[PDB]
Structures are given as structure tokens and as C-alpha cells.
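Here's the letter readout for the chains.
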Amino acid sequence: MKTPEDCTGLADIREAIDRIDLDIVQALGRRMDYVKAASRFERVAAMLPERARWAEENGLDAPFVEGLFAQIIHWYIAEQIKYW
Amino acid sequence: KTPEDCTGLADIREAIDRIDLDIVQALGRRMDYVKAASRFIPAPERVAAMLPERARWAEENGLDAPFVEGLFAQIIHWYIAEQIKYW
Numbered sequence: 001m002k003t004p005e006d007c008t009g010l011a012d013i014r015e016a017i018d019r020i021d022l023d024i025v026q027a028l029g030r031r032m033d034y035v036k037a038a039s040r041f052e053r054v055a056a057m058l059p060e061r062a063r064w065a066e067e068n069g070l071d072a073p074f075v076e077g078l079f080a081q082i083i084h085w086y087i088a089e090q091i092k093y094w
Numbered sequence: 002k003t004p005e006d007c008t009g010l011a012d013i014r015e016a017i018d019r020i021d022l023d024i025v026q027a028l029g030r031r032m033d034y035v036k037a038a039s040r041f048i049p050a051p052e053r054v055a056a057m058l059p060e061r062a063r064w065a066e067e068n069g070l071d072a073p074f075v076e077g078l079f080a081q082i083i084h085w086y087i088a089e090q091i092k093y094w
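From first to last, the protein sequence lines are chains A and B. Here the first sequence stands for residues 1 to 41, 52 to 94, where the numbers follow the authors' numbering. Here the second sequence stands for residues 2 to 41, 48 to 94, where the numbers follow the authors' numbering.
Be aware that a few hints might be false.
Calculated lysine-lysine pairs in the DSSO-like style (CA-CA distance at most 27 Å, straight line) [unchecked claim]:
{"hint": "1", "chain 1": "B", "residue 1": "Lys-92", "chain 2": "B", "residue 2": "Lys-36"}
{"hint": "2", "chain 1": "B", "residue 1": "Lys-2", "chain 2": "A", "residue 2": "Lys-92"}
{"hint": "3", "chain 1": "B", "residue 1": "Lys-36", "chain 2": "A", "residue 2": "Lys-2"}
{"hint": "4", "chain 1": "B", "residue 1": "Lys-92", "chain 2": "A", "residue 2": "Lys-2"}
{"hint": "5", "chain 1": "A", "residue 1": "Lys-36", "chain 2": "A", "residue 2": "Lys-2"}
{"hint": "6", "chain 1": "B", "residue 1": "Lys-2", "chain 2": "A", "residue 2": "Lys-36"}
Hints listed in this document are in silico derivations from the structure and should not be mistaken for laboratory results.
Chain A with its partners taken away, still in its complex shape:
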């Protein structure tokens, strides 16, 4: 995948973003496999600040990114409840 600097035009950039967004979706997909697998077995309060930290380390607005994981974490918690 051409690096941001090796992108000659908008075409290169958009295809890179599509690959990244798909990586994210596939990662979310894997995430759900792990969560459901955790069914047979403070956390949330520890997880969010941690993701906010990672966000800052990666040059992203921490609050926005933490808000995204707040949405993700609760969705997976709600999904897991039906797998009790």
C-alpha cells in the first residue's frame, strides 16, 4: 500500500483509505469473535482512558476516539448479554 507520501494523487489516497477502513471493519469483526468467546467466562473504566492515550500517541483527538470506543464497547457488551 503506497505510503501517504508516495501517493501521486487522490486516487492513491482513496484506495489506501478504503483498505484501512476495511482493515478496521475486519478487526471489529474479529473483536466480536473474542467477545462472544468470552461469554463462557472497572474494566470499562480502565479501557476508555487507555484508548484515549493510544489516540494521542497516534495523533488523534483523544476525546473523539474515546467516544468511538465507548460506542464500540457498549455495543459488544449488549451483544454479549444475549449469549449468557
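Could you slot chain B onto chain A? The hints should help.
Then chain B, alone, in the frame of chain A:
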């Protein structure tokens, strides 16, 4: 460890933190691409093509489409804003 190789919440959570980090790093790379793009903000048409595709990706991966499309609607929307501030 794969989902089936996790012996407890310890392995599960390590795998989940790993995946969440991968996502944050991906969002980071994503921003490097949007910023590099300035040299040339996505048009309403690009956005309209992008969202349905991400919904489709969600389904192929066993995820709820409305939910995932909403997440990406937020990501694109926020990045467009950041793209304007980066100018």
C-alpha cells in the same frame, strides 16, 4: 491467542486490547492519508459511495450494518472537520 485458544478473560482481553490498538493505529494512518490529500475534503458523491460499501463490509464480517455505517459516518464527518482545520 485465537478466540478458541483463550483460556480465560486474561487472554481474551489481551487480544481485544491488541485489536483496539490496531484500530487506533489504523485511524492514525487514516489521518495521515486525509492530510496528505489536501495537496489535491471528499465530495458528497465520494461519501455516498463510501458508506454503502462499508455497510456491505460490515455484513460480510458478521456485524450490524446500521451500526458500522454510523461509526464510519462519524469518522468521515470528523475527519472532514479536521481536514478543514489543517488548512
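Hint by hint, here is what the structure shows:
1. B/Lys-92 x B/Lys-36: Within the cut-off at roughly 10 Å; holds.
2. B/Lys-2 x A/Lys-92: With a Cα-Cα distance of about 24 Å, the restraint between B/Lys-2 and A/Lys-92 holds, given a limit of 27 Å.
3. B/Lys-36 x A/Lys-2: Given that 27 Å is the threshold and the Cα spacing comes to 15 Å, the pair holds.
4. B/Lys-92 x A/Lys-2: Status holds; Cα separation ~25 Å.
5. A/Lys-36 x A/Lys-2: The hint is violated at about 35 Å.
6. B/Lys-2 x A/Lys-36: Holds - the C-alpha atoms of A/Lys-36 and B/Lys-2 are around 15 Å apart, at most 27 Å.
The structure fails hint 5 only (numbered hints given earlier).
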